[PDB]
Amino acid sequence: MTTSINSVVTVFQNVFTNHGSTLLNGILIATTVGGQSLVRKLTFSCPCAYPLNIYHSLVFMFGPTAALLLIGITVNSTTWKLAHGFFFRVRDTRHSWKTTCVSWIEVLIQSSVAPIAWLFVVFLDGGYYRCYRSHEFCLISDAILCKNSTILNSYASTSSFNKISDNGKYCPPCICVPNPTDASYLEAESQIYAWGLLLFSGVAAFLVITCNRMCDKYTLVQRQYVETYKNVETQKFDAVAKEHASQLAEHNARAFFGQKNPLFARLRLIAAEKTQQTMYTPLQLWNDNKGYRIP
Amino acid sequence: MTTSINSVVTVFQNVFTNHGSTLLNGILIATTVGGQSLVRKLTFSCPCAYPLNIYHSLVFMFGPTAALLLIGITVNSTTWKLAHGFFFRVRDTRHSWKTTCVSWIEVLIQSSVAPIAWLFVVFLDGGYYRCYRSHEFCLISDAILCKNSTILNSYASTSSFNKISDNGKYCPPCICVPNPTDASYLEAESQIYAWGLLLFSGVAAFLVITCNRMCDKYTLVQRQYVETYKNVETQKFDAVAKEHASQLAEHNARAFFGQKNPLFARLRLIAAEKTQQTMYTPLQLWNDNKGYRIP
Amino acid sequence: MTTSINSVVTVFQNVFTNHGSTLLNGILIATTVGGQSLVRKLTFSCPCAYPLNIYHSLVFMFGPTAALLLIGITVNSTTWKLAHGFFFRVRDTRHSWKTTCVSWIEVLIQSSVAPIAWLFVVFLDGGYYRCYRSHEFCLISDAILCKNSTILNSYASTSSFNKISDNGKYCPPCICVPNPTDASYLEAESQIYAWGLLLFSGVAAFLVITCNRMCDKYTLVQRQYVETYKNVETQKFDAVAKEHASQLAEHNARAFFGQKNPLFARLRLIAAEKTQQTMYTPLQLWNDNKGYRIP
Amino acid sequence: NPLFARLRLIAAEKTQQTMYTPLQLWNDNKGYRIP
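Residue numbers (the authors' numbering), protein chains in the order written: chain S, 1 to 260, 278 to 312; chain T, 1 to 260, 278 to 312; chain R, 1 to 260, 278 to 312; chain G, 278 to 312.
Take these hints with a grain of salt, some might be off.
What the hints assert, rightly or not - With a straight-line cut-off of 20 Å between C-alpha atoms, the simulated SDA-like cross-links for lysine to any residue are: (1) G/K307 <-> S/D305; (2) S/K242 <-> R/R223; (3) S/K169 <-> T/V177.
None of these hints come from the bench; they were simulated from the model.
Isolated chain S, as found in the complex:
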């Protein structure tokens, strides 16, 4: 199933080079799927225990989701433009409660793209979901008794049998390997939960990013121009900041080997803005407010 999902990686590399909502993290998601298909070639360590099988399945599922959710927050620039130095903002430059929640849900969804994709990848594998209800099916309270004292584990594996003892309640190696009828049943149960999660996330994400492209105040040419102007001023401003710091570092380095902007400007110079005026991306709005009235 590795080369199949790698071909799917090439397909959605073509997708994340075509379009989407944004594309700041489309490089990393396809590399995660294309590398962790080959990880899933060597997985399901899948212990033979009552609590540790649920732990090794539940942690291994809902752990990298939280990890990639945290990475999708922290790498995403806009949340830092919301909350880089939230304590020491000069007052009334932090903007609102309603708009900051819209930006918060924006960065949450742009973050949560990648963990939903990873969850769909592993649920789409016949993997750690069989390692979950392979436990939860096996009637395992006698293996609680078997692991109260490991002498019972030894004499349940060796003296009494394992699959001949499939009558009552079971001790371990049903856990690490089930019946292949049960294994295939629960494997495709994982496949249908995988596609149900993917289709639910796709429909809900389509509906949300449509309802924030259909309730958008600006319209499609005006929105493409605001996005082009945003994407050019947050590069041209950085190029001018770099050459300004480079000249003032040139002169201050020459200043040493020849011996022998208030917070209001640096805070109106920061986005997560209102889009209610003809000017926007509040470098413009600061510039209209204070000096240098027009360019």
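Fit chains T, R and G to the known structure of chain S by using the hints.
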């Protein structure tokens, strides 16, 4: 069947580099078919259950169709030019009810190219359709009884046989693997449904895109010039918007390190227009209406 | 498990080329993981002794952590800017007690990135943690008696058996290889401790580097400009120092084959500074204080 | 450019400050604080 359909992918790469209706998504469709032939090299997980086999077949068929239909909507530009910010259009700039349905059916067909192609690819495989009426043939109500309690599954697989028990009503492994006579019969049943769907879609699509190239008001040289002018102004306008935002970001970045267009224009600047006048693609029609009378 | 974690190395090479806190050591960490996956292909020497198994496991875990912690200190520049020549600083140029602890915790966390990653890599292997409680499970006080005199080791391996003698308290080869039920149990115990450590470190590191990006005085554009100015003056100052020493070495080399700056400046020229004034990175603050008043 | 800028942009000035020729003095007073 993988390299065969990959050769078909190369053939229809030549086709989608020759002609068609449009070619904005012809790159991705051939990559989907050429990668998911190799996906179909490793498929039919195909569970041994009464409801889950129909679920794992029906979801796996009609799920990626809806997913690629949603992708074919959202990637396609024209529907956003219909409905990017449909709430906050300045009134009477949204145009009609009849013309917007023509554009809606246009983006629906240009979307639905790729799911019909994917449906034909998987039906053309002997795949998840055998995984559908392999269930629906097998007389499976005794497997409902077998999966009311999995002890009956165990003693139907082990104690009683599976293919020696082909007399009455069946319990699982008929489901996961049928008789090869039945399998080949139902496989080519899937092949003839595949080609029936493809030929029906091809005839209907030919008839529709002919009846919207034969009921077209403009004629073939005038239509090729309107398409060339559209395809050059929605690139030249973006180049001028980029260099305009670049100059006004240059000057506004220099404006900060030296301290120490109403909605009517941005809405008549948007397509999904009437083609009833000598001017068209309503940047021209706006320009004829308001200032800068001729170029 | 080698190529899997090498694919993870490629993924987090993409991560450490995207973003983070800093990236001065992101080259070396991925090379450590990608090379020591292939080291872990040939590991668990794992002796058959009572004290030496715990020693060979505990030293091999908590040794390279201390080694990479020491390397992460010494390679990191900022701690030397705190304490290169701490004895012979001219007095009141060493700054405070509170701020130097903030820089100390900064260099401790930037150091401790790599040992936590290495600890997670080896705990994520089924490795030297099975080589720890494979000892601690095996009831080994009879192997203390067996290694009080190695004649008992010889007659415990040869005359009496090893796995037939799994009744009471055990002598060696249980240690070097346990029961595979126990081995897989304790292996996935190591996996869940691995992910628990990784998730705890990730949540705590996110919370700390957020609480020192949310309690930051400057804000995100001002902080990016201070970081750009810092990253350009500690290169432009070095280029001017190099060409100044090159001219004064040119002239002093010509000065020999033609025969036949107090400590205050060199100490205010050093960082780990206060960020309380409009000027910062105290080359600027020195320059404002003493001569060459402005550039 | 209001009349205040076009009037502090005009000489016959005081020479009492470190800046002079009152384009400089206007520039120090109002925006564009230093060159």
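Do the hints match the structure? See the list:
Straight-line distance between C-alpha atoms of G/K307 and S/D305 comes to about 16 Å, which keeps the hinted pair within the 20 Å bound. The suggested pairing of S/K242 with R/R223 holds, with an alpha-carbon distance near 13 Å, which does not exceed 20 Å. At roughly 30 Å between alpha-carbon atoms, S/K169 and T/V177 are farther apart than 20 Å, so this suggested pair is violated.
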